[PDB]
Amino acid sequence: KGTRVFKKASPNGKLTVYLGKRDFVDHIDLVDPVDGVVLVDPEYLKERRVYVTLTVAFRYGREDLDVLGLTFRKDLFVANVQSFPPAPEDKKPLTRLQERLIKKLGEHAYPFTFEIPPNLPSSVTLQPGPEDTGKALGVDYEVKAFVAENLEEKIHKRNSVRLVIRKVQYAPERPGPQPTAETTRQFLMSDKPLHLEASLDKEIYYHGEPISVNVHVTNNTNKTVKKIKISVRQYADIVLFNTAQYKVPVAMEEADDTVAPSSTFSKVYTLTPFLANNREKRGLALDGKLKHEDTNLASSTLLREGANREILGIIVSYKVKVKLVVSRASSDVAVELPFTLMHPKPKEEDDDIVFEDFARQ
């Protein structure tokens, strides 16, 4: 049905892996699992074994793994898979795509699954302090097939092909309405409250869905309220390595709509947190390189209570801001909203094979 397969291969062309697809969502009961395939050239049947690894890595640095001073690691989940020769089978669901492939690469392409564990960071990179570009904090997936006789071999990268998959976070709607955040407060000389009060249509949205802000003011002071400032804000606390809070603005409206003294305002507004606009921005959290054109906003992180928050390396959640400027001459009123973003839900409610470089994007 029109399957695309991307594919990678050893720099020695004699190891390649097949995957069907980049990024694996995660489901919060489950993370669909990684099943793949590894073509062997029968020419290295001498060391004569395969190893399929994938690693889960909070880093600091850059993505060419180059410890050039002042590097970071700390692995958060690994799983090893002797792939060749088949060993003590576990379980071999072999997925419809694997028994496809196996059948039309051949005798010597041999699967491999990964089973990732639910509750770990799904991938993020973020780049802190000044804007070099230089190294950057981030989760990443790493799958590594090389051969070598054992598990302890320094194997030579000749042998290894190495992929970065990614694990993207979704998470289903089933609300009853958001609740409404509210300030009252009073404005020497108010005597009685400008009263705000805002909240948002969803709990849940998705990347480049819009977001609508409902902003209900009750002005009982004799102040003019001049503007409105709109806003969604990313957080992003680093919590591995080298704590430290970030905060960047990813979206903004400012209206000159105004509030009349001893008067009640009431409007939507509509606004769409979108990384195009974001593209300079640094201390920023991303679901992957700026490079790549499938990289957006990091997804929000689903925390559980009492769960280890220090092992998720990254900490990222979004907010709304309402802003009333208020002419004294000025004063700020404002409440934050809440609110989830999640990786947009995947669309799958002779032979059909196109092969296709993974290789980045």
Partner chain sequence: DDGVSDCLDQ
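Numbering follows the first chain given and starts at 1. Just so we're on the same page, rigid core means the largest C-alpha set that superposes within 1.5 Å between forms. First, how it differs from the form solved in complex with the partner chain.
With the core held fixed by superposition, the comparison between the two forms singles out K135 as the only member of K135, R100, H216, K144 whose CA moves by at least 2 angstroms.
If you fit the rigid core between the two forms, you'll see the Cα of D66 move by 2 angstroms or more. Superposed on the core, the two forms barely differ at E336: its CA moves less than 2 Å between the two forms. Core-superposed comparison between the two forms: the CA of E47 exceeds or equals a 2 Å shift.
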Contents of the next structure:
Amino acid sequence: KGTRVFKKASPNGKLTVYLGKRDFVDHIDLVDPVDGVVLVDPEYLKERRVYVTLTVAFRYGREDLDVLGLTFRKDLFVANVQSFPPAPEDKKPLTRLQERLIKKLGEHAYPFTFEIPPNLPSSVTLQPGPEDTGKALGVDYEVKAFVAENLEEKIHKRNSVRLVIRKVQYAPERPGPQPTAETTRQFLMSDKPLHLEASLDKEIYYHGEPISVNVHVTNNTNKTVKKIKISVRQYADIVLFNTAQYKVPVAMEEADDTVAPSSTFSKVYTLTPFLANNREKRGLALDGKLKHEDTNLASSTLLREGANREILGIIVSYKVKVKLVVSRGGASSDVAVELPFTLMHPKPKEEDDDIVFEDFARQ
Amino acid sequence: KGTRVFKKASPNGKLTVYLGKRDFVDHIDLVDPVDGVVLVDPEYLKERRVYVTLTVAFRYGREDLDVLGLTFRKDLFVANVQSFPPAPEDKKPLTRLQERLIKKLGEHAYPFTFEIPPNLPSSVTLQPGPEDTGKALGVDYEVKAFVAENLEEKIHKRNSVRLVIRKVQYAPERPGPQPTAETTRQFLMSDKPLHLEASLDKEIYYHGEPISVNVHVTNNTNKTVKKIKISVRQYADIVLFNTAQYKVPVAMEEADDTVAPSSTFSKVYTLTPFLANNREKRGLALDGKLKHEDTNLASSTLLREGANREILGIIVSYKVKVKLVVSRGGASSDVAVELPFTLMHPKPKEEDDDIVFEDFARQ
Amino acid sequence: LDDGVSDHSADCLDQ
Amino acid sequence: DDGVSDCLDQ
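Condition change, the form deposited without the partner chain to the form solved in complex with the partner chain:
Full assembly next; the chain just shown is listed first.
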């Protein structure tokens, strides 16, 4: 308990905002609330009020809240709280962190609580580059605290604090049958099959976790498997405005292993999709800004029966592909299968204040 | 002279393929050849060549061209043509449409020709699984033009044009006798015969052409036949991978004619098996996909003694059934015969400029 | 002493 | 309609 609390203050520091976390987990049933505090000394411009707002928007044209550049923006969730003078005391339920963060701080510490409803798109940004006919687009969760009389008043950069948290998505490992796929090929002039079977240890991976592909190849043919190629692909379907389907390998193992004619083979391959490598070039769905060590490869969007597909903005999903490349000595054919999995965000923690400030900024 | 030419282009519109027909008739001795033209832009990827490929394969599991899906594939015929560099040819001469096309399209347009072997299975598709297993399967003819360095390295969506042509089967009418069949019945404690005899026209087979069943009843018994039920059933035996037998009624007429005791009766009934009346009758054994207006019931398989049955994949056959319903007195009876026939694709009409260009895409 | 190609892709739409 | 309308790297 050297408790980390992330602080950001006004450019001219009358307003300062504190949060317990920058990332807020979605456990499919309900999101971690945004419990925070606003520390303002009632002397500056609109000596009536300070407000805090949560905005969830899909944006296209840049990736921030900007005027020059924003070509499309679909609003997905907005919440406005009046944090000075305390509005009617029906949403008094405080949290254990908030109480520390008004006791440790002055009488000028006023809390806010945001509840994100389930089924929103998690944070996502996608960077089209060379290959594309498009520019930055993504989903942001923007917390903005600003002083005003009015709240129809034009907000002051002088008066504002603005900090982009992430809503990251978690799924629990559900056991059962693991992913499997298989195919059988018969090539010209023979009825001897080449059979490929693959399997992943799990369904629900978490960032950084390795994935173990179990491979079985029954080659009854007269042909040799020249190489084995295991790969991970991200597919990101833009569903809003300028639709597009992108596809990007994010892991690749092309081993020199061979299946000789009328033989069989099995080997468990392990590779991990990273993005750390060359920081993704173009077209890759990240869950954050490329510039931050903080951010991952996006998590898979979780779909439901009856779900409205388009208001999710980008549909993100991953598959493993296992390719056998076939030939015989001295126009060569390939036998492959594909297996989906769910890439998710790891949960951080299941392991008189001493509350100590971090400068809210991603590194 | 009014002549239709079908075309399709690569996604990036650089490569364009032209064909005079979508359907290529197998006359038992010889299929009409796949003669076509490719109009290429040397200024995308100038070093690169253009190739065209005919791929005749039996496929099983979600039949399309997809990977998520395919469980079984057997190659039946492949042919690779280097089209843009007019490489030293087999030197079988050019065709009137090919010249008329290069005379029209330019000298950036280069031909390709494929000669389809006789005795290969005609195009056929089928969607199984009534209550048990069995996935979408068929034999399809894919022609694909693509720009590549060499046939070695993989094809990309941008340059590749993929056309699924049809080979449909015709056979001419036969001399000899019509299909005839008969049976006699004597029920318990009567010793009197009921004689059902029925007849067809052996050639009775082009799509749409109706079936004239002649029915003759000599009823010496003292039971009456209540109704007469004639039907056409298609029989489908999957012989590759997951072998399975299907039989589907594709025509019927319950007739309320009755044959009196101690009488005789005669009639022709007429029947037309239609695909319309039977759409997603679990979609068994078409000659095309369900969605295209082109699609008919599949043609009979042509076999010969010693011909390999299993590299046909799907054996289609048709029979006419004639049943007498009896129910005389106070387990009621069936007297039936069945007569088999062949079913073929109708022969196509025998015998600057008017040339009209359509999409290959079917209706 | 080899075999044909192994094509892979899809062309015409379905909405 | 509940009201409507960062990332430093140098």
